[PDB]
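Visitor: Spelled out from the first residue to the last, the chains are:
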Amino acid sequence: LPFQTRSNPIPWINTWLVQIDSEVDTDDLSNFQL
Amino acid sequence: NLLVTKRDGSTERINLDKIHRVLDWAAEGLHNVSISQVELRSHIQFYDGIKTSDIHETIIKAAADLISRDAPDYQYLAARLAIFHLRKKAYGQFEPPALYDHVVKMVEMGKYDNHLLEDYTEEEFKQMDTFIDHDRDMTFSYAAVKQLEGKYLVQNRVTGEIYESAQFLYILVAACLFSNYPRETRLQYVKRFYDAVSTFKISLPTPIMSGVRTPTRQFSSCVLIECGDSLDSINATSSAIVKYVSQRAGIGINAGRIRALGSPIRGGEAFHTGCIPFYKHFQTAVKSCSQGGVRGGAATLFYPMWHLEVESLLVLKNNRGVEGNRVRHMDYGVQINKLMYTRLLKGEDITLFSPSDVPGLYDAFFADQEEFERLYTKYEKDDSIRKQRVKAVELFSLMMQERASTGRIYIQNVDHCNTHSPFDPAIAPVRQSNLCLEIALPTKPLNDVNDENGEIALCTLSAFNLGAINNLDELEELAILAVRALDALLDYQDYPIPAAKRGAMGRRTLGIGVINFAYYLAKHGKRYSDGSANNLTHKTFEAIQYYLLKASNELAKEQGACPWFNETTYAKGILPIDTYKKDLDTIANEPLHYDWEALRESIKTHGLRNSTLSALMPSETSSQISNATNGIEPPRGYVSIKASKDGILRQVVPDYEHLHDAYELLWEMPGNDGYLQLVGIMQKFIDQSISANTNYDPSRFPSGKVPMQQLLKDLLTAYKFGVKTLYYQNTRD
Ligand SMILES: Nc1ncnc2c1ncn2[C@H]1C[C@H](O)[C@@H](COP(=O)(O)OP(=O)(O)OP(=O)(O)O)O1
Ligand SMILES: Nc1ncnc2c1ncn2[C@H]1C[C@H](O)[C@@H](COP(=O)(O)OP(=O)(O)OP(=O)(O)O)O1
Ligand SMILES: Nc1ncnc2c1ncn2[C@H]1C[C@H](O)[C@@H](COP(=O)(O)OP(=O)(O)O)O1
Ligand SMILES: [Mg+2]
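Protein chains in written order, with UniProt numbering: chain U, 324 to 341, 361 to 376; chain L, 4 to 736.
Everything labelled a hint here was simulated from the structure, so no lab data went into it. Please note that a few of the clues may not be correct.
Not the full set, but computed from the structure, chain U residues with beta-carbon under 10 Å of chain L [to be verified]:
| hint | residue |
| --- | --- |
| 1 | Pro-332 |
| 2 | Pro-334 |
| 3 | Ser-372 |
| 4 | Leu-376 |
Backbone N, C-alpha and C define an ideal beta-carbon position, used for all residues, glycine too.
With the hints as extra help, turn the sequences into a complete structure.
Guide: Next comes the structure, spelled out in C-alpha cells:
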C-alpha cells in the first residue's frame with residue numbers, strides 16, 4: 324500500500340455502485375408467595 | 004454570479020470554500036466521516052441572495068441525519084457545527100466575551116437577575132471566568148447541543164436569538180445556588196459544582212438548567228396535590244392546578260377521597276353527582292394553559308382499587324364511552340395493597356366500598372396494613388353499608404386491559420410506600436405519587452387556595468451520571484456538592500401557594516436519582532434478564548444512598564435538621580436497610596460496604612437537612628445532555644431516535660465503538676423478571692419510588708398476543724421485591 328490507510332471519503336459513491363390475551367388461571371399463580 | 008447575505012448583513016458573491024472550510028473543521032479528528040456527504044446530502048439550494056445563517060443551519064441538519072451505527076462520529080460533527088452557529092447569535096463571534104461584561108449587558112437587557120451583581124463583585128466575576136472552559140462545548144453531542152439550543156439556553160422566544168453559551172449556563176447556575184454562602188467558601192463551591200455539571204458528573208432538571216440566572220424564581224418541575232371530599236377543597240385543588248400548570252409543572256391529583264356516586268350529602272339533603280363530573284374539571288384546569296386543548300400539562304390522578312367507582316375509572320382513558328363519562332387527557336394510578344393481590348391469587352372477590360361509608364378504612368389503607376384487613380373484612384359482613392362484590396380476577400384484568408391499550412394506567416403499592424418509607428405512616432404517611440410516580444412525599448388537603456394547614460408536596464430533582472465516575476467513592480464529593488445546591492434552591496425559589504411553602508420548608512425533601520444506568524452495566528459487562536448485576540446494583544446504589552444521607556447529615560449540623568423531621572423514621576434511628584423487603588435476600592447477597600451503624604448514630608443526633616434524598620426518575624431531556632441513557636431504562640436501540648420538538652434527533656449510545664456487544668437493547672430481553680428484579684434491589688436504598696416501567700413484545704408470545712397470565716405474573720413478581728410503583732408499559736409496535 325503506497326498511500327496511508329483511510330476511511331472512504333465519499334461513501335455516497337456506493338449508492339451508485341450497487361391482540362390481548364384474557365387467559366386466567368388461579369392455581370398457577372396461587373403457588374406464588376407475596 | 005450568485006450572492007449571499009452574511010450575518011452582519013454584508014453581501015458577497017457565493018463561495019463554496021466557506022462551506023468546505025467549516026465542515027472540514029468540525030470533521031477534524033473524526034473517522035468514517037466524509038465532508039462531501041454532508042454537502043450533497045444537504046441538497047443545499049443556492050438562490051440569489053441567500054442568508055449565510057440559513058446555509059449554516061441547513062448543513063447542520065444534514066450531518067445530523069448522517070449519524071448512523073456505521074459512522075457515529077457524525078453526532079460530534081453536527082454538535083460542533085451547532086455550537087459554532089450558536090456562538091454567532093450569542094456573541095456574534097466564536098470567542099466568548101468576558102464573564103463580567105456578559106452578565107452586565109444581560110442584566111441591563113433583563114435576561115439575568117440583577118442580584119448577581121449585588122451578590123458578586125466585578126473582581127470576583129473575573130475570578131470565576133477562569134474556572135470557565137468554553138472548550139467544553141465540544142464535549143457535547145448533537146442530541147445534547149440541540150436541546151440546549153431549543154430550550155436550555157437563555158434565548159428569545161419571539162425572535163429566536165441566542166444570548167449565552169452552554170458554559171455560561173453552568174457557571175451561573177452554580178453561582179446563584181451558592182450566592183448565600185460564606186465569602187470563605189462561596190467561590191469554592193461555585194468551582195467544584197461548575198466542574199461537576201459541565202463535566203457531566205451531575206444532571207439537573209430542565210426548569211433548573213434554564214431558570215437560575217433568569218428573573219423567574221419558579222423551578223418546580225411538578226406539584227403533588229391532595230384533594231379532599233369537599234366543594235371548597237375541590238375548588239382549592241382546582242385553582243392550585245391552574246397555578247402550577249401555567250408554570251409547566253407536573254401534577255399529581257388524588258381525588259381518591261371523593262365519595263362515590265349516589266353517596267348522600269349532609270344527611271340526605273342531596274346526593275353526590277359522582278366522581279367523573281369532578282375529574283373533568285381537573286383536566287380543563289391542567290389544560291387551562293395548554294394550547295389548542297390538547298398537549299402540555301401532565302397530571303396523574305390516583306385512587307384506591309377498592310373504590311366503588313373503580314370500574315368506571317379504569318375505562319376513563321378508553322374511547323368507547325361518550326365524553327359524558329370519559330377522560331383521555333389525564334393519566335391514572337390505581338393504588339393497590341397486599342390484601343388486594345391476596346384476593347387475586349386465591350381467585351376471591353373484592354368488595355367495592357366508598358370512602359365515606361367505611362370510616363378509617365381509607366386511612367388504614369396506607370398508614371396501617373393490619374387495621375385495613377380488620378375493618379375491610381368487618382364492613383363486608385355489615386349489610387348497612389352499600390358495597391359491591393367483584394371477582395378479583397376480573398377487576399385485575401380490566402385494569403391490565405386499559406393498561407395494555409393506553410399504557411398510561413400506573414400501579415402504586417401503597418403498602419410498600421408506608422412499609423419502607425422515611426415518613427411515619429402514622430404522622431406523615433405516603434398517599435400519593437407525582438405524575439412520573441417517582442416521588443413519595445406526604446400531602447394534605449387544602450380548605451382554600453391559600454389554606455395554611457394544607458401541604459402541597461414539592462420536590463427538587465437531580466441525578467448522578469454513573470457513566471462519569473470511576474468508583475462509587477467518587478459519589479462522596481458529588482453527594483455533598485449536590486445536596487447543598489438543591490437544598491439552597493428550596494430557599495432561592497418562591498412559592499405561589501402557602502401549602503406548597505409549608506411542606507417545602509417543613510421537611511425540605513429532595514429527589515436525586517441516577518442516569519446512564521445502561522452504560523454503567525455495559526462497562527462492568529452486566530445485563531438485566533440474566534440478573535448478573537443484582538450484586539453490582541446493590542453495591543452501587545448502596546453508596547449512592549449512603550453518601551446522600553452522609554451529605555445531608557453534615558449539612559444538618561451546619562444549618563440544622565429539617566423542622567418536621569421528628570416525623571421521619573430517620574429521627575427514631577431507622578434506616579432503609581431495616582424496612583426493606585426481606586424478600587430481596589433471595590436475589591442478592593451483596594453485603595454492606597459502608598458502616599451505616601455509624602450514620603445511624605450520627606443521624607439519630609443531628610438528623611438530616613432533608614427528609615428524602617434519593618429518587619429515581621425517568622430523565623430523557625436531562626440525560627440527552629450528558630449523551631447518556633435515559634434514567635435506568637435500557638436503550639431502545641444502539642442509535643435511539645428522539646424527536647423534539649420539531650425534528651427527531653439521532654442519539655448514539657455512549658462508547659458504542661467498544662460496547663456494541665455489551666448493551667442489551669430493551670426489545671431484546673426475554674422478559675421483565677430480570678428488570679423488575681433490579682428495581683426491587685434499588686428501592687432498598689431509595690427513600691422514594693423508582694419510575695420503573697414494564698415491557699412486552701407480542702412477537703415473543705404465541706398468536707402474536709400478550710397473555711394476561713404474564714401481565715399479572717410480572718405485576719406480582721415486582722410486588723414481591725418491594726416494587727413501589729409501575730410507570731409506563733411500552734408495547735413493541
Ligand atoms: N460567501 C459565502 N458563500 C457561500 N457560503 C458561505 C459564504 N460565506 C459563509 N458561508 C457559509 C459558511 C458557513 O458554513 C455558513 C455560515 O457562515 P458564518 O461563519 O456563520 O457567518 P459569517 O459569514 O458572517 O462568518 P464568516 O465570514 O467567518 O464566514 O455559511
Ligand atoms: N349540590 C351538589 N351536587 C353535586 N355534588 C355535591 C353537591 N354538594 C356537595 N357535593 C359533593 C362534593 C364533594 O365531593 C362532596 C361533599 O361536599 P361537601 O361540601 O363537603 O358537603 P358538606 O360540607 O356540605 O357536608 P358533608 O361533607 O358533611 O356531607 O359531595
Ligand atoms: N409537560 C412537561 N413539561 C415539563 N416537565 C415535565 C412535563 N411533564 C413531566 N415533566 C417532568 C416532571 C417530572 O418530575 C420530570 C421527570 O423527569 P426529568 O428527567 O426531571 O425531566 P427532564 O428530562 O426534563 O429533566 O419531568
Ligand atoms: Mg363535608
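Visitor: Hint by hint, say whether it matches the structure.
Guide: Verification of the hints:
For U/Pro-332, the shortest C-beta to C-beta distance to chain L is roughly 5 Å, which falls under 10 Å, so the interface hint holds. Of the supplied interface hints, the one on U/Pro-334 holds, with its beta-carbon coming within about 6 Å of a beta-carbon of chain L, less than 10 Å. Here the hint on U/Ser-372 is kept, as its CB sits about 5 Å from the closest CB of chain L, short of 10 Å. The interface hint given for U/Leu-376 is met, as the beta carbon of that residue sits about 6 Å from the closest beta carbon of chain L, less than 10 Å.
The structure meets every hint from the earlier list without exception.
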